[PDB]
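Read the single chain below, which is given as structure tokens and is the form solved without this ligand.
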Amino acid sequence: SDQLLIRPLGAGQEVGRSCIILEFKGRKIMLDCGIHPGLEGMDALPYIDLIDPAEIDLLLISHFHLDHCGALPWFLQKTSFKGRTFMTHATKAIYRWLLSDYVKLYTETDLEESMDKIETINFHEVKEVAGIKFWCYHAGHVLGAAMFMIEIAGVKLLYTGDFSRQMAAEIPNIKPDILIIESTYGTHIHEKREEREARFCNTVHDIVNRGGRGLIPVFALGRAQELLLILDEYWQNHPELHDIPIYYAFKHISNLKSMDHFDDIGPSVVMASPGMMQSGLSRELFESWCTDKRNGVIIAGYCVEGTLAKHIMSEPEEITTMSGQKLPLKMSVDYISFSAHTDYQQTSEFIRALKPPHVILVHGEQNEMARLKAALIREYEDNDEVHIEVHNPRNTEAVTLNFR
């Protein structure tokens, strides 16, 4: 029998800095290498100290979001890592653009110097490195997102990275022995898409109707363009809103460039990034509008601990200006999901289709992940013909499996 070891260095019982180590029959693989959106500098990095970069044969990146590849430039240009790295074409493209803008660990120089060290891979195409065969499936979630299936000595493991089944994620016909899957939404169930878009539109409407400024923080394109389509349509069907502008930083939406390139007048809707409001325009606008109860913000994506958007949802009496000033939070705050992750029914169905004897949960808040684990254990705790062990390792903790 051969022993297989899986160990999160990031995203273990948390969302952020996804980086999971896999060790089997002499090979070592790293799955993702991102940073924690809610942490600063070196503290926002996975615990790559526990390992020797030089011993990593393969590095696979699921998608372009920062919590999955935010720390790559650093890893590639500042450690003893001399292995091979792979991404899908689109992922790599958006990588340079996205990580660059992130540069407001490494520098613009390092990023451009890592591009050469990153190989691309097409979907449904088998690649081989050090006796490790791998290929990817569409993950849904975002453009270019991939779920890597890995095979070593006949043992197969599927890593979902981040995925959605609502472009929908493919369900592999090839059954893996091990499944590493995201736990973002835990046991939550997503509300009907139509009810979601209606509540989103009615909330935006309420804000501008009372003379308010409505802020909609969004990232690169995790749903940005989709929301613009929803609002524009709604505006078309409501002539009484034609004089209320909608800016994006279509027939009713105009593009904005900066807080210095737009007039902040009467009621309006402004969709700006970053989605989690740590800095940038979304944060500046929030700081300029938070004291007026007529205004409102609508968080349309999942927000990691440590971020302003997440804190705002706790409905604090006051907020902290980037400059350190204290401002009262009077604008309304609403949360309507559009982050594109699977909910419990979708995760459950995915796992039921593949029936992996071993399921390893990552990328989920501790408590959310614990309920998912329990609910999954409960699902197969009844039938004795399907044995599935669910693991929820903390960062640094290893899961050990023996094969053959």
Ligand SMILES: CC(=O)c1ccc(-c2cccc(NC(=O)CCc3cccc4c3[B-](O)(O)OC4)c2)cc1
Contents of the next structure:
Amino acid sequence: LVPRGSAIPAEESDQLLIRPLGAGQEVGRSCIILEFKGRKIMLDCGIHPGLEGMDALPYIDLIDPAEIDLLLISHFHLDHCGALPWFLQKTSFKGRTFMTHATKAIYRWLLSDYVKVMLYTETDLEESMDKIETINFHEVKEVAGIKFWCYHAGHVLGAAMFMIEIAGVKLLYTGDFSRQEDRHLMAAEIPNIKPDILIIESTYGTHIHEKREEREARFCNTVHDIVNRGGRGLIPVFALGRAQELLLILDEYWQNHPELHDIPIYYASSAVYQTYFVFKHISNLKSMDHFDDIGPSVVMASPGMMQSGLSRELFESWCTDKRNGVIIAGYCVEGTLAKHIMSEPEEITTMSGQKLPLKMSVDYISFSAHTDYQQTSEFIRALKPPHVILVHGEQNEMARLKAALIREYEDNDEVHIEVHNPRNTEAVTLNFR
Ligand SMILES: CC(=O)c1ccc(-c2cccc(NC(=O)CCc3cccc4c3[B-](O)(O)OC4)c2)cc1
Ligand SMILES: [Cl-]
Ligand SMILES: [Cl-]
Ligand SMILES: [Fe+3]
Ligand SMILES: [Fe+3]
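If the one shown is the form solved without this ligand, what is the structure of the form deposited with this ligand bound?
Next comes the full complex, this chain leading.
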């Protein structure tokens, strides 16, 4: 392949290798290796939310961490940076690590909360902070002959899509990205600089997102139904990011419905967000012991997939009463309670091992801010990369996305894009002249 940035006799070709260590045909523990002309790069370093202990890590044992020159972190979600203190403090890694300023500012407070609710300690987290360098958007940095820069990804505050250039070959990694304007976030940029290779998430496959006004209306109607029948409504969220969008939606709906003004809405969290929202109907809640659990009410609590913590405790307190209900707004990863209850089980198991009947209502209305097929198709068509590598999607979803994208470029005489869906540990190899 001739790099796009370029009849003369070609010299020898160089091989570029891409290998997922996590998020290959799965969602969770994003960690993708790039190898080219003696440079080695790691893209993201996450944990899997539906696995435990060392099982939740990417397959780092397949590389020599001392050989990695550069580690780029796309955004603050834990399936992209949750393994980072372990990688920085507990391996032979001695390379350079970058994230955007906002990502690092949130990451420090976020993983400390994660530890206090094991791969590493608070000491590991604080001792690894200085090993992380920051980068502004739209600025080139250079490490070991690798040039890189980032574009806005949408999705959450600070989220980046990294473009990488080595010896004239350019690769764009989306991280997680969204092309839908939020109430507080801009949409992801579409680079004018065209990459040879695109590594892109596959979270929603060939699904098309419901219109935002319709999802907001269904979300508000569901909450309204729950509190109107005397129920407590649980909204599990990751501590920061999408939660701020949901709170703005609810606060606006409450202001427009005076018959709801005596019903409280609690945001149970644990602030530079606004540095980088003064609600009229929402109250801050510090812990379960600070909460008068009076019905009816709305409580937005972490974690988003209810694996443990306050959202799990409230779920177990509330699940046996049909008046109550839970509204799940995130992507539900395999192995989590939030995913498990999608099958409508008759009973659930508490953290303490007791069986309880599941009578509260369960509704799924996604606001997870990922790309859908229409957004992903448009993005790829604007860039026309000769090679597209799908990551970060469940196996069936990713296989359908691959098949649909291949069908889009069969009769195209300008370019015949190749689409790859590697399993974890499987290499994609590409030769450049
Ligand atoms: C034991 C316990 O208490 C606990 C265990 C694991 C976690 C944990 C781990 C990974 C991801 C997450 N959750 C997030 O990072 C929030 C964003 C999220 C969540 C689910 C799926 C996806 C994303 B996405 O936007 O980035 O892409 C796919 C949570 C949190 C708490
Ligand atoms: Cl070179
Ligand atoms: Cl191999
Ligand atoms: Fe994310
Ligand atoms: Fe993700």
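Positions refer to the first chain, counted from 1. Here the rigid core means the biggest group of C-alpha atoms that line up within 1.5 Å when the two forms are laid on top of each other.
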Rigid-core-superposed Cα shift at residue 382 between these two forms, Å: 2.4
